[PDB]
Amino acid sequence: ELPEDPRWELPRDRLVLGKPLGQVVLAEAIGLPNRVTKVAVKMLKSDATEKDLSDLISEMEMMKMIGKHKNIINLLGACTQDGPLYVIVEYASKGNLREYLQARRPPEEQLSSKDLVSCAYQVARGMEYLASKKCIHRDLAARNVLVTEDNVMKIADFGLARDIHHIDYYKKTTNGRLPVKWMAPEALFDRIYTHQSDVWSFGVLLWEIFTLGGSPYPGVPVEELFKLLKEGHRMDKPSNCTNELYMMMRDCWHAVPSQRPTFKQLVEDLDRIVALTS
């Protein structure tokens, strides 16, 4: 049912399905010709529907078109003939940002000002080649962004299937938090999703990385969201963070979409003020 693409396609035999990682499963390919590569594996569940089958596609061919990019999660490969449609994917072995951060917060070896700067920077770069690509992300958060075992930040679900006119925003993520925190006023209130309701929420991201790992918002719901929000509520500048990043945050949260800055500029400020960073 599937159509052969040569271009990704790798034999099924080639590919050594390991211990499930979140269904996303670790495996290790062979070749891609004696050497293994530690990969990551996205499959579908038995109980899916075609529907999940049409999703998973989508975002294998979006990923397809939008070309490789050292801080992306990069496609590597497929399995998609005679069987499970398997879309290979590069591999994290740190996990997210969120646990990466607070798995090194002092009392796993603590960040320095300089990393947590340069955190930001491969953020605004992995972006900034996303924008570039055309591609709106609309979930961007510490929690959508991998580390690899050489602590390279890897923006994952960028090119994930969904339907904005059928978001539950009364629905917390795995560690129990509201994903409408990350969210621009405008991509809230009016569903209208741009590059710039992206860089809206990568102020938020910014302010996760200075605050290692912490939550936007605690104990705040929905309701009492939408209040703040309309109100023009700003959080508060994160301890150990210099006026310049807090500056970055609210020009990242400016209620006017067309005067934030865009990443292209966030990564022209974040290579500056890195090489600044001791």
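Numbering follows the first chain given and starts at 1. Only the largest set of C-alpha atoms that superpose within 1.5 Å between the two forms is called the rigid core. First, how it differs from the form deposited in another entry.
In the core-aligned comparison between these two forms, the C-alpha of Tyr86 is the only one from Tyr86, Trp207, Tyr91, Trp200 that shifts by 2 Å or more. A movement of the C-alpha atom of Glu231 falling short of 2 angstroms is seen between these two forms when the two forms are aligned on their rigid core. In a rigid-core overlay of the protein, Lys114 has its C-alpha displaced by under 2 Å between these two forms. Core-aligned CA deviation for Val16 between these two forms: 2 Å or greater.
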Given for the second form:
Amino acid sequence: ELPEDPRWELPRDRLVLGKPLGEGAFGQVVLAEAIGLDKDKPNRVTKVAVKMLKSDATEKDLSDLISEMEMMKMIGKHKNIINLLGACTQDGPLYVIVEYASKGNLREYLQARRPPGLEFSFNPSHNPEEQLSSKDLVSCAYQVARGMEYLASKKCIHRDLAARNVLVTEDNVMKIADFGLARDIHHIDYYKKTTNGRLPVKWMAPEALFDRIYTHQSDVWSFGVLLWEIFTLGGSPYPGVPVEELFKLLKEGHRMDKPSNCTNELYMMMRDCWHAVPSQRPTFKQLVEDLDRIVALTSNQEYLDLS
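Got the form deposited in one PDB entry; any chance of the form deposited in another entry too?
The next block holds one chain only.
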């Protein structure tokens, strides 16, 4: 029993757990039904997702989940950020209740939209209407940029931006999730990892890797990797390269190659995000604006020019 919050705390019995949706080393998300989430609609059932610790969770993991929950309350609502619905903190396991993304994580979303290939066809010839276009891909990068831009304006670093952490809703809206590694840097303008532990190395910028220095600049690096993930439709960053050799590769100025079927500007965008000088990488405000233009230009949909 820790500090309850009348603002988010929800009666533990107004939540009916369902099947798993995704797991990890020590943590799990399960679908569920929330009765009367809104006080003015006590009987309306809302499909939701609930995050919780596994059976073998440690003390440390619990504090990470507490933190994760506090971070989501401090960050606020945004079109492209998974929104926090409530929580169960008293007399029992901590439940962080969040919005349900019916199409899963971005990695899975993209892979299920990959082509059959020439001379090959799909069985049972699945939805040919959901096969994504070049316009739809830029739109996904744009949406994530908009969400990161908002997150940066709130003086926060995610530190775990990857396609597996971007959820896709029913209407295909990108929602940045998994704030368990996020940190507030309102006054300091950086975070320095003191302790040790698990880290998504293939998505981390050199300085965060070697010097343990985190900023919006390292998030932008991760975003470069995310872009690669998007344009390869769910590929794995630095495929086949052992992590222990990744260190050597980065220290020597190695960058991933251009994903086939990807304009040169988008590849240049990835390069900028991977700039060796952190201060030289674009900020999220620049990425949104660039991506804004490309979306306007890729979707041949004409609008009124007021200038």
